[PDB]
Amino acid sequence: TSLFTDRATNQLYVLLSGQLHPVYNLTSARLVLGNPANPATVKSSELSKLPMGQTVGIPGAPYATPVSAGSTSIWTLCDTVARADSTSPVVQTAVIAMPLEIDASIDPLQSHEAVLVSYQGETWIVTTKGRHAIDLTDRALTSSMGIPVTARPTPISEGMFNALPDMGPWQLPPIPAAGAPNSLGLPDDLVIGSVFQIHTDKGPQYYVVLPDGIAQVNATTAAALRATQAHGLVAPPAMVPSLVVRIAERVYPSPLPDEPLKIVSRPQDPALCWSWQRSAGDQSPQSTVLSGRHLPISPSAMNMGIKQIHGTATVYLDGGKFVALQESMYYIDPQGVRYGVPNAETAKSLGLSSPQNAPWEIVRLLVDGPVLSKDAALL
């Protein structure tokens, strides 16, 4: 045995080379000894019975490295804004590494739901997939998808912004010779960029006039094109169906959804989350955007939130964790701070086994502690 605890001082001592050394923590001792040792309680007596050297180890290291994990690796990042009905709204970021309790009051965004969000002056709209760049001032766009003028975008965190994958602008695709006469044989009314309609089995189908033909557009896209430029058309003129059957049908790639979009009320649903989970059984991970009244955890789990020394998030753990990121390894202590574990042997010396896959998009947000290395724990 080369690891001792003075029953009075509770200070850890580790025999190396040939003499005793005071060591900061159990982590640093197992690092220098090379094995996940356990301390042997000794009275103050036998300490003095042998020479002493300088203090050794890592001060910023956790005392030990316990782990309480799945089964399943689940990591969820959430943004909560209080005073959402102000000027002046304040964002609270939370990192959750425990089982999630998802319900109707906090679940993934529906296809027809979206959250208006502002980051670094610009605004972004968040869907089920991720975020889209959207022109806040574009009233012809926003009123076309039925975005309320009362609807205020709410600040998002750097963490949540980086977590949410970009899905492209939003924003209409441009039309070159918009205003110029059409080269399709259509009436002079329908210059390119203009919209007409044809009544079908399902009622009106809308078409925008393009340089190389016509293109089916949804009502949201149709109402948008007219809103930005109506070309003197009060309403999309009715065209008899047979008149267009021999006009080349093209593709106008508008991101605007067929559905009217419910823009969630931040006072009602203050929680915006990016959840990540892998079953630890082959396959790929699954991620989605959550929206609702509160964090997707049990009410009593709120007592486990620890605000870091100087980090950006409040962490929620049901125990220490050991993970593998994009492949770099980090141990997470019960206080939610990450420590780099350089290699497998170093991990084995800590008694750490089997890293679970975790997303860097969330683990990054933890306070990065000192690297737990063999060379470091020697001083």
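Basically, rigid core = biggest C-alpha set you can superpose within 1.5 Å across the two forms. Numbering follows the first chain given and starts at 1. What changes on going to the form deposited in another entry:
With the core held fixed by superposition, the comparison between these two forms singles out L233 as the only member of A133, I306, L233, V90 whose CA moves by at least 2 angstroms.
Once the rigid core is used as the reference frame, the Cα position of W75 differs between these two forms by less than 2 Å. Fitting the two forms on the rigid core leaves the C-alpha of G185 displaced by at least 2 angstroms between these two forms. Comparing the forms between these two forms on their rigid core, the Cα displacement of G121 stays under 2 Å.
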Second form
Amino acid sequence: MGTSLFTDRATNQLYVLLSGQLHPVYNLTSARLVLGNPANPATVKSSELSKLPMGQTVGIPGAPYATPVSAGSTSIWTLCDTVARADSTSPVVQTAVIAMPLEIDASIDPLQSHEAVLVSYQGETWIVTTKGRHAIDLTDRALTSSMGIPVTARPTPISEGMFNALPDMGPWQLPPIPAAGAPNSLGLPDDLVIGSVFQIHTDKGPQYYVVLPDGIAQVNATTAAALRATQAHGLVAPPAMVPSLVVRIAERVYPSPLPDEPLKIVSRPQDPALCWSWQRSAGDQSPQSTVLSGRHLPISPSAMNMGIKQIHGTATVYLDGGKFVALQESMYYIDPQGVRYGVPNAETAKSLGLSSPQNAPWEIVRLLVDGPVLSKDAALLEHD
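For comparison with the form deposited in one PDB entry, produce the structure of the form deposited in another entry.
Partners and other molecules omitted; one chain follows.
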């Protein structure tokens, strides 16, 4: 009848009452687990512990001592790839995860819809925009130069977690023109064959169109340039057309991922930080995935002194206190050291006094060190 948890004065070790007699315990977490409620230990003179038929140690060894947690408000989760020696041989990428509010400026901001990051992963190159990653080839020497980028710009390494965090928004590459070259069946000049590009001067500059088998397709100047570079069909300049010719021809759509603006390949030495931010204010809404580029980590210079390089881990963890997170659900507790411990059922977390687990992206939380699983079965193992 108590009271069921005690601490010594000389050693301050935790003791829990089991049915009739007490057992010592590795951590407070295991005690609050085996009890089923978040109660605090009672400091006690060693002689009290002495005059008692003691059992032996139970609980979970590699479990966190306690389970403290910060607040929210926001559930911010960022994953940054910083790069050292961005012109070596022999380069190296230092990655990091952030679960604290960010300090975003103009030296580390999300990519504008015209700038992108050349990247390399598993022998195959990719390109990163605000949306995600797109497959690309840097071997076809001329094919690369068709869109702003040269070959004098080489890609740069990227971590696995970063690669898997970026949604594969397909490849770059202008869509296939299956009938390209065949006599145009729309009445236009025969030298303006299918797959050719022509221009019409509207009220806001010229407008470029590709001759498709089932009509004509509006494209941005970059797509026009790329198409012409691939195949111009014996045409020096895209033949100017006057509106009243195609004003009656069926208008069609041509995907083309190329931006209307020119392409600004960021300089990884001058812009080493490549991050993926994930947000959820409070309302249901949807997660807000955005890719950032910059000079440094999107946190305060002070926060840089909070980086816990995971000893047997993958990334440096920047963390403002403990977190209680829910994926998908599958729930986890993150200790201030940046280690995820599995929290099974909803009834279990009530013992640790944990409530309202924030939503967090599994893409980021999975990079955290997977510790033991906080369960009642695992917390019932005797040791000498």
